[PDB]
Structure formats: structure tokens, C-alpha cells
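Sharing a structure here in C-alpha cells format.
For this view, one protein chain was removed and the others were kept in their places.
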Amino acid sequence: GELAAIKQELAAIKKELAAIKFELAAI
Amino acid sequence: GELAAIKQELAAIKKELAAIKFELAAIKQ
Amino acid sequence: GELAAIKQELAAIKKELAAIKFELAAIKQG
Partner (left out) sequence: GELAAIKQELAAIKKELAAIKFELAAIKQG
């Protein structure tokens, strides 16, 4: 429940991390 | 709760990463 | 503790974020 909410946040974060690294490589 | 608290901290970190992302594309110009 | 170690990891992350936001502030000053 709360654990689910949490896992979903981690996922979102792994999303932003992927996109940041893609930007970083653009530079 | 401890967990809700944790989710909450994670949300904050999420949004922060978001800001960082938009700041990163600016640098590409 | 495990809960404790978790809270430590969060603090640690918030600490890299801080570092990162510094480099960005720096970068756009040069």
C-alpha cells in the first residue's frame, strides 16, 4: 500500500535519472 | 507513518531531479 | 538498523543533489 506508493516513486526517480544521463550525453 | 514519511521524501527528491533535468537542457543551449 | 540505514541513504541522496545543484549554479556562472 504505502510500500506500493514508495516503489512507484522509485520508479519515477529511475525515470528522471535515465533522462538526465541522456541530457548529460547530449553535452 | 514512517513509510508515508519516506514516500514523501522520495517525492521531494523526484521533483528535484525534475528541476535538475530542465537545468540540464538549458546548458545544451 | 534497516530503517535507519534507509534514512541514511535518503540523506545521502539529498546530499548529492545539493552537490549537483552547486555544479549547475557554478556552470551557469561561467
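We call the chains A, B and C, going by the order they appear; numbering starts again at 1 in every chain.
Note that a contact is a pair of C-beta atoms (placed from the backbone, for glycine too) under 8 Å apart; a residue touches a chain by one contact, two chains touch by 3 or more.
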| item | value |
| --- | --- |
| Chain A residues that touch the omitted chain in the full complex | 3, 6-7, 10, 13-14, 17, 20-21, 24, 27 |
| Positions on chain C where the hidden chain makes contact | 2, 5-6, 9-10, 12-13, 16-17, 19-20, 23-24, 26-27, 30 |
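In this text, only the chains that are shown with their structure count from here on.
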| item | value |
| --- | --- |
| Distance between chain centroids, defined by C-alpha means - chain A, chain B (Å) | 9 |
| For chain B paired with chain C, centre-to-centre distance based on mean C-alpha positions, whole Å | 11 |
